[PDB]
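Single chain ahead, written as structure tokens, the form solved without the DNA.
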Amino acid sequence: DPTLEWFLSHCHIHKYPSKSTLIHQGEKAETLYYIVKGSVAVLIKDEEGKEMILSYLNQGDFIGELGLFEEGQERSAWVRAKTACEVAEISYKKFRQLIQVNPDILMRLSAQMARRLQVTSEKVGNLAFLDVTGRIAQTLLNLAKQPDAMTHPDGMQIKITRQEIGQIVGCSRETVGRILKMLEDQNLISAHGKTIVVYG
């Protein structure tokens, strides 16, 4: 996009190494981010430090938007780099000037906000309506369709730890192990540690 190139001209770009934290929950929000390269996880936590992953976000995604529309808000979640990342940043105040000049850039942001609300509402449904087995089976399916899934004789090979699965579906590493064993017994997957083949 000329429109994205223009926007990015007004930003300053910074590099975050894998596993660094871009955004901490509770911080005062005054800036917008945009992922030029790399991927992140958006995380929230329990009273006990238990993590739940709300979303992954990737190249092309805005981050830090939820504070833009009313002053004095706090970041709603943690954002942690899943890989090395390159991230453009701009102040809300400069971004609002860009909006005035060309509201197409707010349309692009708002389109992502709408999709997130859809996807997060679908997550609420999954958590409310599906048992942990159904959530795990749905998670493996979705991971198998991701761009990073390797093709396999029997289906798609994915790379994900039980910990990560637990953080997505909302259960312990141990509950994940018990259910993965069930799914292999049922001849639906194979599991070799962090490697899982989902059968087509």
The other form holds:
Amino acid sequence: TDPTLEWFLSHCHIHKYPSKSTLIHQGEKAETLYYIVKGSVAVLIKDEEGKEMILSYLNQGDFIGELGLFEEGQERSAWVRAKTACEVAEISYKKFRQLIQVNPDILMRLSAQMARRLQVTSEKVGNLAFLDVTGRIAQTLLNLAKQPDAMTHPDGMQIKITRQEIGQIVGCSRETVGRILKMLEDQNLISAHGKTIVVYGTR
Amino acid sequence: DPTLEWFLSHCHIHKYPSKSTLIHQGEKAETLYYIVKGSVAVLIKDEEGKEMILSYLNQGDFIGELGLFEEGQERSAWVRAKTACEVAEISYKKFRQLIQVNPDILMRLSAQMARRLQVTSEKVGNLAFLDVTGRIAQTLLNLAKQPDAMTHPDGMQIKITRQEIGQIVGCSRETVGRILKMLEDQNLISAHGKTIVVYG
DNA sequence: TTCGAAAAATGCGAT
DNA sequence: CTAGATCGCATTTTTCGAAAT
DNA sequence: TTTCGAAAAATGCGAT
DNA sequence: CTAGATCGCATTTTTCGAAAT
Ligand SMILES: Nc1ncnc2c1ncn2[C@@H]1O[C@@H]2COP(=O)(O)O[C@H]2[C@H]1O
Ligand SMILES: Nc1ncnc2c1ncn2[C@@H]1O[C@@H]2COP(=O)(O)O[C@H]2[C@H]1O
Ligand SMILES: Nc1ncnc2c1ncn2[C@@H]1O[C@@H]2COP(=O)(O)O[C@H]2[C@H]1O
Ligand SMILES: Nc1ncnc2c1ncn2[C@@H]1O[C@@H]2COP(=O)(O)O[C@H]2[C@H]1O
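Can you switch from the form solved without the DNA and show the form solved in complex with the DNA instead?
After this comes the whole thing, all chains and molecules, with the earlier chain placed first.
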């Protein structure tokens, strides 16, 4: 932390959420902004039957609930769920705008994050439009294997995730994921036992 | 609109005829665009050349903003003119200088990125949750309620090819063709050539 | 580090 | 022709809270 | 400112 | 099973720019 973060937080209300809890409900009126002090969350949307699609994972340093800031009468566009325990700062849009008046760098930071999220989401549209499930899963496994929470392994990198969650990322049933992971292992591209998956030749 | 006039006085104005390329995907991003007149399409292509439309943008919209917040970024997509366009262009360097004297310019830009993220997230949901028939129906209906839609005694009228609908929903032109025939069979639309009447 | 539920995840497979 | 979604249960595998170290 | 005949672009095939 | 992608071309629309009154 530094004097700027402390200055910012002194204008916020800090709350702690346990793993699996819901921070933002899709459809509710948006009047506040959040800043992740510690922890990680998953951004998701769902269909009429409850099927879920994960749009993104966010971490400490990331703002959340920002899309309603620029125009009143807006509703939350997605659900945000705590992936681990989280410490989150909350502030009304009304007061956040006053803070921008005294220190506009805060808007620059928020804007940069939205820009990155738009590039990532546009790429997802492409993957879904141009790639079959095998290609989407293959790319998703390589991407996770290169994140900072991924563990090293003599044959490449190791990650821990369920077939169901992979299905929520790539847009397919958990059964299809399971059948493809076995084919990938037969082709000796990976090794998977339980939630532990080893991605080979990532190095 | 003092700021708007102030902003434009620092830009270079260019014109692009319909179908021309304003932004090439993969090239280095160093300049920001602002549409003064006309409309464009933002699209991505696969290795085989198939295309997918991410969005249509119109007068008042910024373009090429994604490479501004990080160094060494490349254009994330192609931008092609749909109609003849009049566009204001300014370097990232100079734009940053304008942000300093009046950060409200960044506010208007951020507001558009916020809306584009909401829209693109909705598109992800549609691609993952709806079959082609459902995606085509929603698209026909949204197009029919846009300002450029024509009045018709049976509802609203639009003009578009089966190939373009295919680039919007992510399916082959042949599939769009078969689905439009089935939707006509259900009396939801009437299609002759590029002209489609959405009953209402 | 440990151990026994509790609860979560997984395999099924011809249409 | 090629890809995938389904569905009800019985089995695995993982998580969790408190003892044991 | 209407009309018209190419080029160009778009569409149907439809069992596999 | 249900949903969609494919391919080689002849045929059906659209788009255009030049010619007229
Ligand atoms: N097209 C899709 N088909 C099936 N499940 C999907 C799809 N898109 C997203 N999902 C979600 O991904 C999840 C993967 O595990 P489940 O089969 O339990 O439930 C699935 C849905 O919630
Ligand atoms: N595509 C996305 N990528 C990343 N974060 C998103 C995306 N869509 C929505 N969000 C976040 O989820 C939040 C849900 O509530 P808001 O709409 O207020 O603000 C949204 C963003 O912070
Ligand atoms: N899954 C897809 N299958 C086919 N075409 C697609 C797909 N996704 C995007 N497209 C594009 O949309 C276009 C629709 O018409 P075409 O079949 O001529 O060419 C198609 C591609 O350029
Ligand atoms: N999902 C999207 N919705 C709207 N506009 C987009 C989207 N993705 C990219 N763009 C625009 O297309 C531009 C391509 O170049 P840039 O990446 O510089 O900036 C991008 C945005 O201005």
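Numbering follows the first chain given and starts at 1. Take the two forms, superpose them, and find the largest set of C-alpha atoms that agree within 1.5 Å; that set is the rigid core. Only residues modelled in both forms are compared.
Core-based superposition between the two forms shows that the consecutive residues, three or more at a time, whose C-alphas shift by 2 angstroms or more lie in one run only, 1-6.
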